[PDB]
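Please find one structure pasted underneath; my questions will follow.
The excerpt is restricted to a subset of chains, each kept in its original location.
Chain naming follows the written order as A, B and C, and within any one chain the residues start at number 1.
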């Protein structure tokens, strides 16, 4: 008596057609759809995508499924019979591969109300493409989106829109190894315009922000300490070559070991990012110290009072000058990549 | 005569409906379910998940499957006919992908008792999501959970609960490369509250604890020895520059090679973890030794008895002072990350 | 009334045969096909392939599907019934694995016009093979192609050709971590000639160009600075051994650390590429400096005015000579790998 009523309502007896939309040749059916995120993030810059495991619930009205000769309000449909009912041809416009779940029971749910409203909730795993710009690495902000588009019905037939109360929700307690999923989501429309017509799609923009604290005390702070070690070489008496050449070349070797050793941890983009500018300029100052003494030793190597006054003068200017240049670069750097 | 009785009991003749729950419009069916773990652990911080291969056994009562005209107690059902019987819509609320096993025979088992009790044991492989907080790395304790939730039946229809005697069991002899699976499991309820209603779920919490002994004698001990090597530089006569500058800068280069060389082994989280604080402070002391001599050489470089007494005094304070500071940090560190 | 007309037109009543081509034993059917690229690039030199997610639309004429007793022009066909219609046996001649998409609905679309024209749009994910020549790395240009070939029909039966207006389109906003997808695509024919006959195929050539800016300020610039550091060793007075031997051997160790440290980032090809020539020659000059002083110290070590004039002369030639040789190599290098 429960399940032999859906065969009466969608079988060969009644004239329900599974591949004809509700309100056919009439108003476009409204689909109120909302997303719950269970798991989030296998965020990779190698393939420029991420993964998300969602419950997708989508609700519409099918007037040829209304009924009154059955006692309760809601009447659910078995997941093996979902080819017997109309469903929207929703797909995800930026997916790179996705699947259902079928463990211990097929994880699908459809529920027809007494009104004729249909609630359809599924649980799917998604590999969604979001392009990334790592020009501001590590202090970069990513925006990975999630588009929901009709595949074959235009907006004169099918209209997608978000739920009013809460569209996208995220299960609390999730943790990303790189990013922080911002709590404010950005719901937008993305309505497609092709020669076939206007196709509906609605997008959810997720804001990601990279944590920087590892790259501070593993890349930035040790390089800044090595630059200070090259600044030590200016408070040393001249013509003492092996205690000032060896210091200045050892800071070069330690900066080179710092930059090359930190190469396998940073991503494999092949363009200039904001940590490579720090390593490059912090190499140019450490190199600039030994190049400075390479000038000073040749100036004072000839031998003249002007030569010691000229050598002393160069050191006097240099001792003060290079922390000022590193301070101007140090202000312009963090304003440029951090402030904006 | 054995298998032609289940067709008599669940066929077109008898009125058994496969998608109507037992005790329909009555009490919620109890599901006594328990888990045996065969394999455990492909634990990854990159995707924040693990893998587990389980036998899931779940037992319930179906009163419209009781019988008396068959000689033995237990009557098993073929795995090809499992669509002919009601099964709970159990799913795992934190899975990221999961599958059955079908090699040489589909690894499913259903057994209907003479009482009407149904035993249903399957063998499935799971990729379950557990978020991790590596702030206390390596001396961190993880808690990876395992939730068992009804998908479409509320608690007025279906109730999950663990077995009384032993719910979760783990096959002895398993070994993880990183963690130690604790023998005490934490069985809890997790009962979900949605606008549809209260959905049953039961969770098993597994406690994991990371082994640290590699990071002692490969990261902690060599860094502590390099800090002692920077402490050697204080028991050296002053104005002997290349035997004390070169020592102090070589300890910097060896600490930098130690920290950058140990970078590819540690995980790829982008925030401050407890081994990065050890490498950072053990870099600040080794740097602080050469910065200390960079003060001492300029104090004693001018030339005055006060200058040698002032230089000697600084060395006298420093020789004693830096093992005290490393001892205070060394107590606060291991209490802070190890004791709590 | 909509969907019971396609059963009238392609069912057992009408004599439509699904595996007989249109215009059978007549003219070859024209297939106007065009490609829209959603996602592009998991470009790997390890397996010599890439990935692309496309909409493939292909249009042909089937004269035994024309109709007039139905009100509208276009009449769409359900994706479950696509075995009931003829489709071209198009495959991709350089694929290494590929699949469809079926999430929330099978992502296929077929539309029969009143004229008898059939539009067939699908959405498939592709792993396409393109062989790469990394001899000019990093300043190399790749050309990865995309072939569309008939599988069993010769050109006397089936002819593929691109759409006139726009054949290949790429969704704007895509970003590759290594390359830049050039905006000018190269549409060609590739017509196959076998003993069975001439098989149609049409190819789209995509031009990729590698970004170099990382390898400038991480590989090229630090090596050039180390070569300048070996040039510093010539403006030093002779017979001062430990300040000139230790400098020259420390530049060797820093160049060796630069070359070996940059090894895990560059690809795993086992042949000579254009960055290995830079690292090799920038090792031969840094080695050539200490080998030069290894000559100079033995010339001036014996003791004669000719010996100091001969030593001074060698330094005089060397001080000027090695930046000229590095300038000739530096012109020939960037013309040879960058200009052509």
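Just so we're on the same page, a contact is a pair of C-beta atoms (placed from the backbone, for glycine too) under 8 Å apart; a residue touches a chain by one contact, two chains touch by 3 or more.
Participant: With 3 chains in place and all of them the same protein, how many does the whole complex in this file have?
Facilitator: My count for the entire complex in this file is 5 copies.
Basically, only the chains that are shown with their structure count from here on.
Participant: If you average all the Cα positions, which chain's own average lands nearest?
Facilitator: Centroid comparison flags A as closest.
Participant: Report the inter-chain centroid distance for subunit A and subunit C in whole angstrom, where each centroid is the mean of the CA atoms.
Facilitator: 25
Participant: Roughly how many whole angstrom separate the Cα centroids of subunit B and subunit C?
Facilitator: Subunit B and subunit C have C-alpha centres separated by 40 Å.
Participant: Write out the stretch or stretches of subunit C touching subunit A in their complex.
Facilitator: Against subunit A, subunit C makes touches at 2-3, 38-39, 41-42, 51, 53, 76, 78, 80, 99, 101, 103-105, 107, 109, 123, 125, 138, 173-178, 210-218, 221-222, 225-226, 228-229, 232, 235-237, 240, 242-243, 246-247, 250-251, 253-254, 257-258, 261-262, 264-265.
Participant: Touching subunit A in the complex: which residues of subunit B?
Facilitator: These residues of subunit B touch subunit A: 17, 19-20, 24, 45-49, 56, 83, 87-100, 122, 124, 129, 131-134, 151-152, 241-242, 245-246, 249-250, 252-253, 256-257, 259-261, 263-264, 267-273, 276-277, 279-280, 283-284, 287, 290-291, 294, 297-298, 301.
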